[PDB]
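Participant: Residues per chain are reported as follows:
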Amino acid sequence: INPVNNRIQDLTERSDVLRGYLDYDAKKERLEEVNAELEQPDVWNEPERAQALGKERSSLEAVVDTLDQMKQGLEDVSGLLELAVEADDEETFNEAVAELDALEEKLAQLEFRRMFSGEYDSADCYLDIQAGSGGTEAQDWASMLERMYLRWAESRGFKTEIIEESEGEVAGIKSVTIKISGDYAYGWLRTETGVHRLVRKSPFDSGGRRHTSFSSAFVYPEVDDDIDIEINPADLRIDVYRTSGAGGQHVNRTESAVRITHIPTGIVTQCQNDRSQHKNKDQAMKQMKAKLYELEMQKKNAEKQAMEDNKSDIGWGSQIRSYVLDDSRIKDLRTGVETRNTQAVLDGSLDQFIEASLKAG
Amino acid sequence: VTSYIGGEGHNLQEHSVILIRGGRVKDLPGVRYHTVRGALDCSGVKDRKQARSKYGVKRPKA
Amino acid sequence: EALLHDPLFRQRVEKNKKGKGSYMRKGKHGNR
Amino acid sequence: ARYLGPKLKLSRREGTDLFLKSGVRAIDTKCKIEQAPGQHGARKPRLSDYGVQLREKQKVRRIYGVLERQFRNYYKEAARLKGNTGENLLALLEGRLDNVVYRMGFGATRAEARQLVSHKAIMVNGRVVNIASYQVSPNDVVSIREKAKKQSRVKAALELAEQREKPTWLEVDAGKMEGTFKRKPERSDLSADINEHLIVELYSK
RNA sequence: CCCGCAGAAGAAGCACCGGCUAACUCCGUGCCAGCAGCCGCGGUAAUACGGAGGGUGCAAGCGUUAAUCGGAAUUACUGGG
RNA sequence: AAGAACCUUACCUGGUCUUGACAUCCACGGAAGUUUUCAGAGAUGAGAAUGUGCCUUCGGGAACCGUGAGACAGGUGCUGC
Ligand SMILES: [Mg+2]
Ligand SMILES: [Mg+2]
Ligand SMILES: [Mg+2]
Ligand SMILES: [Mg+2]
Ligand SMILES: [Mg+2]
Ligand SMILES: [Mg+2]
Ligand SMILES: [Mg+2]
Ligand SMILES: [Mg+2]
Ligand SMILES: [Mg+2]
Ligand SMILES: [Mg+2]
Numbered sequence: 004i005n006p007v008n009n010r011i012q013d014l015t016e017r018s019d020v021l022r023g024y025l026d027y028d029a030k031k032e033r034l035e036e037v038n039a040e041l042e043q044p045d046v047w048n049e050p051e052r053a054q055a056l057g058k059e060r061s062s063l064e065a066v067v068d069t070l071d072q073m074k075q076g077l078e079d080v081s082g083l084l085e086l087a088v089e090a091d092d093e094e095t096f097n098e099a100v101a102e103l104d105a106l107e108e109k110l111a112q113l114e115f116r117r118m119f120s121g122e123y124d125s126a127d128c129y130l131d132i133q134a135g136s137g138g139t140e141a142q143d144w145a146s147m148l149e150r151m152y153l154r155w156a157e158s159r160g161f162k163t164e165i166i167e168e169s170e171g172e173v174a175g176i177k178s179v180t181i182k183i184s185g186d187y188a189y190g191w192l193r194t195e196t197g198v199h200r201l202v203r204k205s206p207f208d209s210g211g212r213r214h215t216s217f218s219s220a221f222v223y224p225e226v227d228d229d230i231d232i233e234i235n236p237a238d239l240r241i242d243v244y245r246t247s248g249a250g251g252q253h254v255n256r257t258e259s260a261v262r263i264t265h266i267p268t269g270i271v272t273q274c275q276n277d278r279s280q281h282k283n284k285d286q287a288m289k290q291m292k293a294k295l296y297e298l299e300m301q302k303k304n305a306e307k308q309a310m311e312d313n314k315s316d317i318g319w320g321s322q323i324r325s326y327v328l329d330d331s332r333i334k335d336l337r338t339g340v341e342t343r344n345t346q347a348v349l350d351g352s353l354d355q356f357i358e359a360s361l362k363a364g
Numbered sequence: 062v063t064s065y066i067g068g069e070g071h072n073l074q075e076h077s078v079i080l081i082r083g084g085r086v087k088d089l090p091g092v093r094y095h096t097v098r099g100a101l102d103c104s105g106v107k108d109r110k111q112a113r114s115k116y117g118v119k120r121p122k123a
Numbered sequence: 017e018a019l020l021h022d023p024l025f026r027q028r029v030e031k032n033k034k035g036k037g038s039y040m041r042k043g044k045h046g047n048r
Numbered sequence: 001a002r003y004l005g006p007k008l009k010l011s012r013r014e015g016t017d018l019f020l021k022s023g024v025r026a027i028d029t030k031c032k033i034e035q036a037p038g039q040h041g042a043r044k045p046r047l048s049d050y051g052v053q054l055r056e057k058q059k060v061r062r063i064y065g066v067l068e069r070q071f072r073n074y075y076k077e078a079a080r081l082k083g084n085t086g087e088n089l090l091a092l093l094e095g096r097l098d099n100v101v102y103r104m105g106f107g108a109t110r111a112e113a114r115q116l117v118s119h120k121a122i123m124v125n126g127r128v129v130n131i132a133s134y135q136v137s138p139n140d141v142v143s144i145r146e147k148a149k150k151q152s153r154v155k156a157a158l159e160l161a162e163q164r165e166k167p168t169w170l171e172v173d174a175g176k177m178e179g180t181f182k183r184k185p186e187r188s189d190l191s192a193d194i195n196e197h198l199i200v201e202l203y204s205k
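Residue numbers (the deposited numbering), protein chains in the order written: chain Z, 4 to 364; chain L, 62 to 123; chain Y, 17 to 48; chain D, 1 to 205.
It cannot be assumed that every hint is accurate.
To be verified - Below, a list of computed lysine to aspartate or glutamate pairs in the EDC-like style, where the Cα atoms sit at most 20 Å apart:
id	chain 1	residue 1	chain 2	residue 2
1	Z	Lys303	Z	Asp231
2	Z	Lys284	Z	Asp208
3	D	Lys205	D	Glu56
4	D	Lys21	D	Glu34
5	D	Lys184	D	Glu201
6	Y	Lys33	Z	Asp330
7	Y	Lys31	Z	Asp312
8	Y	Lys34	Z	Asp329
9	Z	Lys314	L	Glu69
10	Z	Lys314	L	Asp88
11	Z	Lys302	Y	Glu17
12	Z	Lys362	Z	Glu16
13	Z	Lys204	Y	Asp22
14	Z	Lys314	L	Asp102
15	L	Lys107	Z	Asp312
16	Y	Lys33	Z	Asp329
17	Y	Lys33	Z	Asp208
18	Y	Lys31	Z	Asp228
19	Z	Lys282	Z	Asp330
20	Z	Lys177	Y	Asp22
21	Z	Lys289	Z	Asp127
It is worth saying that the hints were derived from the structure and are not from the lab.
From just these sequences and the hints, can you work out the full model?
Facilitator: Below is the structure:
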């Protein structure tokens, strides 16, 4: 009896899923297609193609060979454990532990590769949550959702910084922006962008009347201080002005917002870190470009990046979550992962939806 | 004019030669025409069994 | 913003079955 | 242009025997008949105002095997003719050929009476006629052609027709296989379970 | 149009089923999909939506739309205020 | 809440068992019960002394313990709209 073998059983079935993700058949089919095209006598005569054919080769060789490394590797680890239990070699028991873990460390190498983290997915990011309509019901949902995310990253260890927070009227905000410092911080949060539906009996009306509130959240990364493509001039606009009341221990003890707009395509960012006007406008233009950066990536998806124009515009990830409090049923509209624990996911038990969003993102 | 697309899920695009059938919905303001699913270019619905003459599905060939 | 000020995303109020604003003339069926 | 389905399920919707399955065994001798006509038929219906006139009309059509396009055409001639339009409808449905053959006992069912007519085995007035809608003229003869002489149904049905009421406006000759159509049938002389007045009100809606 | 030659062998689909208007209750969805002629149905316990079984109405036709008239004594001379 | 130091305590952290803390049904063996030691925060886990009573369904019922196959048990989990 060995629970390590019970993990070898678990890792192998997961490996079948890891093979089930990448379409392991077509991986070996395409890799031989790069092989046949390099036999072509004009490899040296097509230089740019040659560096590209090697690029198509080397990118798959780090995956297909690893997939075959996990194939023949696991079969030997399947041998080294069962030989150890049936012969009682204490070192063979000790070595098989390192033999199983390294395969998971290859599964961990596939983990970031399956996540296909590119541009700024390994970097920190910013949040942007807007309140819906209907007075106090919307701002509470703005608040309760935001303060769930604030209690979320603290459990994961991501440093949180409220860049800007604009309180609506009665217990809640209308817009908020939070900087999330962390490794792969954009990677764990990118897929949460969209509109989040709240369904509950409102506490604001006598009787009952289950009310449906809406609120959206927008996650845009940190663009490495410069994208390397500055589209600055672009009808720039500064509007720096005093904010609500600095009452007692109000946010950052600043009340000095820097409202900056990007008139073409209508992008609006703002910052409320410090009293130094020149400091905030420096930080706000950083996120203005980042918000402009996510606009540039959506255009690729708008053509032929990941939409698959088959019949029509296959997408519209606006309604991505539904939070029904009085039925205790949280449903994700992108995968269908459901959970019957409201206060747990109101505390930050969102890993079940991250893996759900990791699949289609 | 603007017309309503019947059935569950459509296969239309920026340019498609459809067929317009009269009929008001009284639920959308201004829509006073329906679109025949299964006509000229607008195809019939998918996986339909009860009322398939409406929405142009032929018949289960099994 | 504009992707939230779409006329879809509006606060939806439900007609409760009993209480304030509960009366129905005939209801879903009128079997006599 | 025919029913072609379970026979006595039609009688179950009515709750009475419509004689369209009759040989010897009365009403299945068993499970359910003159009762629940479907899955939810154990639940009694409410029989609304349209349905009372409807089931009255449907009962008459299930008897003679006439479709709605055709039965309405009998109603046109029944209404335009003189006298009682409620009475003339049962007159024209009686003069229909397959009824006449069924009243002879030549066939044991109105369906079987069509089987003999359609397969050119009956010579009305000496002439072979395969029209089930043949309105039989008064003071006429109906006869079975020789190819259907003792052909295992005529003998079996005519002996079965001994428990009938032997309709008074006719003269069948059991043993010469030839019938004789006497006068127009009187209203009071037929089945009389049919509320003929509910039919005329339905088409006059 | 008659006569003769076979094993019933070649010949059944369509709309509808909350009320008006004949005919139901179970799954799947969950103010989201969709239905509609009108009143209005769908908020995780639907007879109105989508399938299944069972019925109804018609039947080589059945529905939908367009159009005229009728119900319209809601242009009323017959026949209103 | 007619009374939170453990208990209550349903929550938190760590340590653990999973037809289970609790009930009936099946199979096999073992009367129950009592004492004492070690590791350990404890739960539990691992040993050692000890007893075998009532009828004769005499090849066991009535009692009690342990290990499994399941039927289920369990829920201070959601909905007072
Ligand atoms: Mg015809
Ligand atoms: Mg009814
Ligand atoms: Mg239905
Ligand atoms: Mg059916
Ligand atoms: Mg009109
Ligand atoms: Mg008029
Ligand atoms: Mg008037
Ligand atoms: Mg635990
Ligand atoms: Mg229970
Ligand atoms: Mg309970």
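Participant: Each hint: holds or not?
Facilitator: A quick look at each hint next to the structure:
1. Z/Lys303 - Z/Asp231: With Cα atoms ~18 Å apart, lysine 303 of chain Z and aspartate 231 of chain Z stay inside 20 Å; holds.
2. Z/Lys284 - Z/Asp208: violated (42 Å)
3. D/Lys205 - D/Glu56: holds (15 Å)
4. D/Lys21 - D/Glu34: holds (14 Å)
5. D/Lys184 - D/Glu201: This hinted pair is violated, its Cα atoms lying about 24 Å apart.
6. Y/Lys33 - Z/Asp330: holds (17 Å)
7. Y/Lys31 - Z/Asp312: With Cα atoms ~40 Å apart, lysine 31 of chain Y and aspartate 312 of chain Z exceed 20 Å; violated.
8. Y/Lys34 - Z/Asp329: Roughly 18 Å between the alpha carbons, so the hint for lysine 34 of chain Y and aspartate 329 of chain Z holds.
9. Z/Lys314 - L/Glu69: holds (14 Å)
10. Z/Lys314 - L/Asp88: violated (26 Å)
11. Z/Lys302 - Y/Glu17: Within the cut-off at roughly 18 Å; holds.
12. Z/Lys362 - Z/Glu16: holds (17 Å)
13. Z/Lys204 - Y/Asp22: violated (24 Å)
14. Z/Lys314 - L/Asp102: holds (13 Å)
15. L/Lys107 - Z/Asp312: Holds, at roughly 19 Å.
16. Y/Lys33 - Z/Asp329: holds (16 Å)
17. Y/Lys33 - Z/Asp208: Roughly 16 Å between the alpha carbons, so the hint for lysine 33 of chain Y and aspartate 208 of chain Z holds.
18. Y/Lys31 - Z/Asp228: violated (52 Å)
19. Z/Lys282 - Z/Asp330: Violated - the C-alpha atoms of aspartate 330 of chain Z and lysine 282 of chain Z are around 47 Å apart, more than 20 Å.
20. Z/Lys177 - Y/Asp22: Given that 20 Å is the threshold and the Cα spacing comes to 16 Å, the pair holds.
21. Z/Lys289 - Z/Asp127: With Cα atoms ~13 Å apart, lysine 289 of chain Z and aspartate 127 of chain Z stay inside 20 Å; holds.
Checked against the numbered hints given earlier, this structure breaks hints 2, 5, 7, 10, 13, 18, 19; the rest are met.
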